[PDB]
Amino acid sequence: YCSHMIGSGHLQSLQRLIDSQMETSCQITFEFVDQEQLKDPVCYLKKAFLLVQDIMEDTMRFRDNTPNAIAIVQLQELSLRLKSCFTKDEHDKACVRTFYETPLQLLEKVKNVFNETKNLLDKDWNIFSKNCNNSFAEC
């Protein structure tokens, strides 16, 4: 069931959202995974996915009843069900750093999480049952 939970539709509402944002110098603050501390690809997605949930709630806010706003709602609802595909190991700031980048650099991070997560669930529905207490400990 986890396999095809993330549909192409979610990816396209993300892309549209990414394509709608203005290209400026603007830089914002947000917590996200540190690639240099967390090398393991699978564990990276496990943690990123959780930090994304906060990012969609706290940072990614759009005027109510707009395509992008509703797009975010969808993703959040989807995520609540995706959680069951991820066995808990979290919400502890291990392997985490503060970022200062553009909203576009951010949204790209979020898009890649959903993308890679989708590709890997379609292929190995059981992939995220892996124990990442080891990787999380070595950060």
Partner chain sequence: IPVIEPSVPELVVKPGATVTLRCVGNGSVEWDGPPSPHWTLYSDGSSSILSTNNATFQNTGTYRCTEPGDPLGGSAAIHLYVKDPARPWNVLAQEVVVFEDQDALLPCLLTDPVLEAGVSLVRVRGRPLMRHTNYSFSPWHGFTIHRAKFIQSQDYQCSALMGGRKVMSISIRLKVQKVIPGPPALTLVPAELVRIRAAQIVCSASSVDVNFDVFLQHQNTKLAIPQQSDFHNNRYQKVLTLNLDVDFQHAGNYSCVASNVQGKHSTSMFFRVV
Given for the second form:
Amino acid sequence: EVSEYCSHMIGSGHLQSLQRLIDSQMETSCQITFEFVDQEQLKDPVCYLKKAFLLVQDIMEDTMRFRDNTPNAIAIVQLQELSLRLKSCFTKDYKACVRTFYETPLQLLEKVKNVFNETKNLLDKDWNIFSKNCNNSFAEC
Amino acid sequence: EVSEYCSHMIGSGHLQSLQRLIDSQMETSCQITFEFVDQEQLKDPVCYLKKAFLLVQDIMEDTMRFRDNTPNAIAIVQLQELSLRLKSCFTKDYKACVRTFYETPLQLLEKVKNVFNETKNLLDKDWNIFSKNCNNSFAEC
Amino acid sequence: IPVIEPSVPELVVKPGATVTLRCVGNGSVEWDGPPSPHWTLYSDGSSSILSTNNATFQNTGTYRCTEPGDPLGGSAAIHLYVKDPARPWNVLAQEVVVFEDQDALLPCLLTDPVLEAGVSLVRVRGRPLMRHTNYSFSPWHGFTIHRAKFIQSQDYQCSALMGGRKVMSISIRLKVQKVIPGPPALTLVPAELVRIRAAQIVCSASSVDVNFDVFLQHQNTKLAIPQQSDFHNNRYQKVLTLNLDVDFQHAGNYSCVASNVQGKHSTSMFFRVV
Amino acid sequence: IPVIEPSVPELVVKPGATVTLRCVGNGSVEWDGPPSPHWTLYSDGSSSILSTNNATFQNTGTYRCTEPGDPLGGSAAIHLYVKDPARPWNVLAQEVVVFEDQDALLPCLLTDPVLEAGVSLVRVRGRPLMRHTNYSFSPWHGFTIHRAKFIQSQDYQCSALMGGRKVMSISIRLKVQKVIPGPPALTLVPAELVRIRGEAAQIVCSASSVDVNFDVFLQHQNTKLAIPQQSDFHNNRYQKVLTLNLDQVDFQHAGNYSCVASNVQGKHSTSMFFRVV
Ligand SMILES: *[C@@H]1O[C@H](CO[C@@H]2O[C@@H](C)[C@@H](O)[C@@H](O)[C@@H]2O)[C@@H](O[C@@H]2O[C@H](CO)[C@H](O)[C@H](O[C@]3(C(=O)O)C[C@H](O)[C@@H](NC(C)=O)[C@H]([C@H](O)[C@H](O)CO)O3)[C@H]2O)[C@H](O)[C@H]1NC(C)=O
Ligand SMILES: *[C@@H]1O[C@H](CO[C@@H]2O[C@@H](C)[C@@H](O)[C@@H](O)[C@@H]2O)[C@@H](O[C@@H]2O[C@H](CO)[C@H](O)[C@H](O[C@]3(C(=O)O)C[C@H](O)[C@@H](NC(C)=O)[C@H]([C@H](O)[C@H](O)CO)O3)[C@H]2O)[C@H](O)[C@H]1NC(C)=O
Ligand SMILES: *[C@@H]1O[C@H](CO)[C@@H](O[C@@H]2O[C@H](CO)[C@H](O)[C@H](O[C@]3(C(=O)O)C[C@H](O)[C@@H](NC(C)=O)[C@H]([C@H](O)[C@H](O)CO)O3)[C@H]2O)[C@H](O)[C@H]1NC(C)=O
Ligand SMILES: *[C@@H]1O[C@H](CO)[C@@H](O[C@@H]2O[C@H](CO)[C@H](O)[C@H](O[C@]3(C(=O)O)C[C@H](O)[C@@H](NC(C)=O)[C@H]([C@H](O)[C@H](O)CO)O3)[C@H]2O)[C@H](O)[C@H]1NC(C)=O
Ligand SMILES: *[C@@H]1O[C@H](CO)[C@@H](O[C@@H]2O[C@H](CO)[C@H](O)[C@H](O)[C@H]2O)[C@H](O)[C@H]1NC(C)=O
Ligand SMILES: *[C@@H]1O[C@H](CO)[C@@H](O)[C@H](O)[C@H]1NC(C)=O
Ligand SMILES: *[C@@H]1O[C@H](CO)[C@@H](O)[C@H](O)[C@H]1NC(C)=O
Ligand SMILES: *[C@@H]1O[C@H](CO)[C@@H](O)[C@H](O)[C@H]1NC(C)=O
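Can I have the other form now, the form deposited with its partner chain bound, not the form deposited without its partner chain?
Below is the whole assembly, all chains and molecules, this chain first.
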């Protein structure tokens, strides 16, 4: 269903909500375990984001949980609706090729923010970037 | 000299700021280690809070760190200023008679909130409550 | 109204069983039901007969009989259960589309009514239902998600509890659509303008969805202006900003026009040069 | 101006050393310096002599000589270092009080100037300084915390680096006090009011200060009314609000409502008029 509206989709307002969510979080040394794409196996910027975008979905549901009707909770919902819209921009075929992490919640938030931010950057340059077959890229894993 | 304004000092605005701070935090399973008063050794409500109030000072400095000029950061500062004012309600003694905990950040925040909340409650009933010598209470530890 | 024999609300049979549904009216009648194999159909003037020798789980569903040519006649119905010990679900559709705040029926038909007490709705890959998912179940129809939301646009599965193990139906994709009233809301300002040979014209459009165009055109020749795009207050904005640091060739009829799947909308102004 | 011999800005001596400070002007002169032991004083008409046989680390500090009979004549100063290998610090005061946004000098005198390259200010029990603590050090005076804040009201310690180990001074308590400008800020509304007898009216007396220690009462004429005040902390300020509700007004309710609030500074007052038609 991919379209020229793959850009204009990740607004700055989205990134602000993420930043505010990040800024609200208490700086603590505690680490949380989560599944995410390994930068080593995927040096390719375009195929890294492709694999990451899929994983961010599970992260926001499982990890990024907030009290109902709180500003952060609403921000998360919007980011999730955003991700549904970002679907049909990413072409995909057949898991794995990923690694377990053990980082602070703030570091997790920075990863997710980076995923959304860099995806916006690339789509501004060209909205049809993430429609490439990374099956070959997903082989070297 | 312990004032009659030992009440009216912990305002509801203080408790709201704490609540907003708690509500802003991401719900995660990660645990953090910290020193806090043991309910087992101190069943006495008045002497529990006394020992707790001293300990929350280090907690807010060491653990409850937030990004500069963020709403939560400002809240912590106010709670810290509040605690300085509260010193003139707590009469001095002497460490120990406390134990190490390993809980989630939200649980730690609930403890601190409970300390501030119950202290306000007691001071409303009588503002000169925490002027009692708990040296005898601190013996059974 | 036509008459179905047997006069029973529902039937429960094993795979392999013989099922024979007969309908009778005054005028010609016809059956409709699940698109399923092994059905034989016998029909004459007033009656019609469905029959199979090898009933399968795919035959599970409501079979409705109507008498065409009788208007307002009404219909008669009967529900068939084929309790396949291996196949608890007969999914009628793997795709469902609704709008927000509508009920969303996921048509997974249970092949054995006694299983109802141990059924649930889940998502693919074992994930749980989205938070605050209001839903209920009917054996004849399937799971209905009440007041569906955009966020619930997911791939679902129907869970049946058989011998301890939960057995899944094939996936069912649900599409929940934002109710988009019409074309993108335009704001072209200023409505009137006149300058001596600076000026600014901003063409803007906003919709809850991102999938919409907007263009600013001088006369009938559209201008190539880079549009600023941002998301705020749960709405997408797209703004074309024209800056003329002016002359007689810039004057004219600037039309601000935006389109989407709904249709095209247009607003305009006049620019004079003295 | 009086004259000190030796004519040197400072001295550095070992514990046990003999130190002799002599001052001379025309007329009586006087020494002032750290309250310290073993000082002997010889004085006469135009001269005065401080002297010790057992100089100790407590003798560390500035010794100032003045001629009390000369007005505007000025003073002369000399600084003494007694470099005790065990005692790097001579603390003059264990308590310091200032107001917010003032410099706060913590008077821990370094007993050996070469140690400066490796001194620091810390808190008791090993605690680090508060965040964004702007401070500097002078050997003759001690650590000065610049633009002190209420949050910095803590027990401090002076750290000296000697042979790897950090050696602590005795604790120094700093009190930073909020600058309370004047009486509580009043807000009495409405400024004007007129109702028909039987209708309703509301008068809210309010006062706010950075400190909690302040009174506020609302009075009809000069007879104060008994209104329960709601008290809350908001926008980093304490509020105390008296809310008067008259659901059923009448002619005797009309009059000179004064809203007046007090504190240790003084009392502030504002007022309005209420008419009954
Ligand atoms: C009752 O129905 C059986 C199923 O018929 C199929 O299934 C229904 C739901 C419809 O889709 C219909 O169009 C299909 O034909 C009748 O067929 C026999 O049933 C078994 C399952 O119970 C199986 O389907 C048999 O077919 C094969 C097949 O798929 O072609 C025969 C193959 O030889 C065999 N595999 C190989 C390589 O030998 C496969 C496999 O065993 C399965 O695919 C995997 O287990 O099965 C089919 O002949 C059945 O005859 C009928 N009973 C009556 C009329 O009494
Ligand atoms: C130079 O001065 C030394 C200290 O003079 C005393 O200390 C100063 C700070 C003032 O308080 C002043 O009023 C005092 O007279 C002379 O003697 C010895 O020096 C040390 C150095 O710090 C110390 O002050 C001595 O007192 C102690 C000690 O520390 O040795 C104090 C101890 O508590 C005590 N017991 C111990 C060490 O556990 C010891 C002795 O053991 C006592 O006998 C206890 O039974 O004394 C102080 O006497 C020094 O003599 C002088 N020099 C010359 C050349 O005169
Ligand atoms: C800026 O440019 C636009 C585009 O040229 C102008 O719009 C035109 O304005 C006309 C006003 O009379 C019409 O609305 C016209 O629309 C049509 C149409 O849809 O076909 C034009 C047709 O020529 C006309 N048909 C006839 C027989 O006259 C038709 C007609 O009114 C309807 O069918 C009757 O219901 O309307 C439209 O293209 C702007 O006006 C111009 N200036 C400004 C200030 O906006
Ligand atoms: C009845 O309400 C009125 C206002 O509606 C109050 O008026 C003012 O109250 C103040 C206390 O809160 C002062 O008392 C003030 O006193 C004056 C005065 O009464 O004349 C104000 C004058 O401006 C001043 N003289 C000048 C320089 O013009 C005058 C003078 O300095 C000395 O005070 C006189 O001894 O003081 C007053 O206007 C009333 O307080 C309140 N109650 C009563 C009983 O009137
Ligand atoms: C879930 O959808 C229900 C639609 O039938 C809706 O029904 C109501 O249920 C309430 C309890 O949740 C209450 O008892 C009402 O009288 C009844 O109409 C229900 O409100 C929906 N649930 C939520 C949480 O909105
Ligand atoms: C059946 O249909 C015929 C033709 O429309 C009509 O004449 C007749 O009355 C009907 N009989 C019944 C029992 O409905
Ligand atoms: C005495 O002091 C005066 C100050 O007025 C000065 O002029 C004079 O020289 C002094 N004399 C002596 C002997 O010190
Ligand atoms: C620290 O002191 C210097 C002295 O000029 C000042 O410029 C600086 O702003 C102060 N505080 C900060 C901002 O850390």
